[PDB]
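Encoded as structure tokens, the following chain is the form deposited without the named molecule, with no partner shown.
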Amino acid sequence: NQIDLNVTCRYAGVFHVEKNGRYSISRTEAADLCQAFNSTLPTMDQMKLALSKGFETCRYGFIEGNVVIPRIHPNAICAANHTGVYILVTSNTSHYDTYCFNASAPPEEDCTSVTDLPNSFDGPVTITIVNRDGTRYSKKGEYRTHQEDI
């Protein structure tokens, strides 16, 4: 009964989270997951500012109202070689990664590790934050509020 949350550097407060390293987060679960990080789904404007500070990924994830990939460098296998905030237009499927926005983060690039899930609630799941440098933090808890997500 274990969940890995792979997290990125923050850029202007925006970061990416993958659950178990596979596309597996619903839109409802995304909101709950950000809430557990004392964060919200980013707006498009927040994401554009994060991009301007150096944020890019090669993964689709939820923001407020869209599923996107921030891209700085063109890469053929990431967002069909686009740059900017690439918006997913057509997909059959509902489960992605998520982006999250924490207003209390530093204003530019913050590539320090994430050390807590401050707003997780009591629960039976071993939740492990996994940083890109391998640093891990674990706690027992839960963050999912919708039954359909568990």
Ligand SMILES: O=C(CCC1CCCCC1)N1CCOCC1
Given for the second form:
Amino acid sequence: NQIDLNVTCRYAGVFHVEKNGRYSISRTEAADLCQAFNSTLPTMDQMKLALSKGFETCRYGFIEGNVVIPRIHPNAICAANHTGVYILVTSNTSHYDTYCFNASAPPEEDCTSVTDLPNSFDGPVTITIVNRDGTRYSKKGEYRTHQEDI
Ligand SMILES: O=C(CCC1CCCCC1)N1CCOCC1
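What would you give as the form solved in complex with the named molecule, now that the form deposited without the named molecule is on the page?
What follows is the entire complex, opening with the chain shown before.
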């Protein structure tokens, strides 16, 4: 009973979270997952400020109201070579990664590692935070509040 959560740098408090190395989070699970990091789904304004500070990924993830990819450098295989906060318009499917926003993070680029899952609740799952540099933090708990996500 294990969940891997790959996390990034925080940019103006915004960061990316990928679950189990594949697109696998529903919108309900995404809000619960950010709450476990004492965080919320970013607003579009919060995401645009994060982009302006250096944030980009090559993965679709939820924000409040949309599924997006923040892009700085054009790349043909990331958001069809677009720049800016690219918004997914047409998809058949419902599961993506998520973005999260923590208001207490530093104002600009924070590329230190994540060393805690501060607001997870009691549960049976071994949850492992995996940083880009490979460092890990594990703790037993749960974050999902909706049965359909378990
Ligand atoms: O776990 C924590 C805080 C513990 C430490 C405290 C300083 C920042 C690095 C790690 N967070 C989860 C998601 O990003 C914002 C905060």
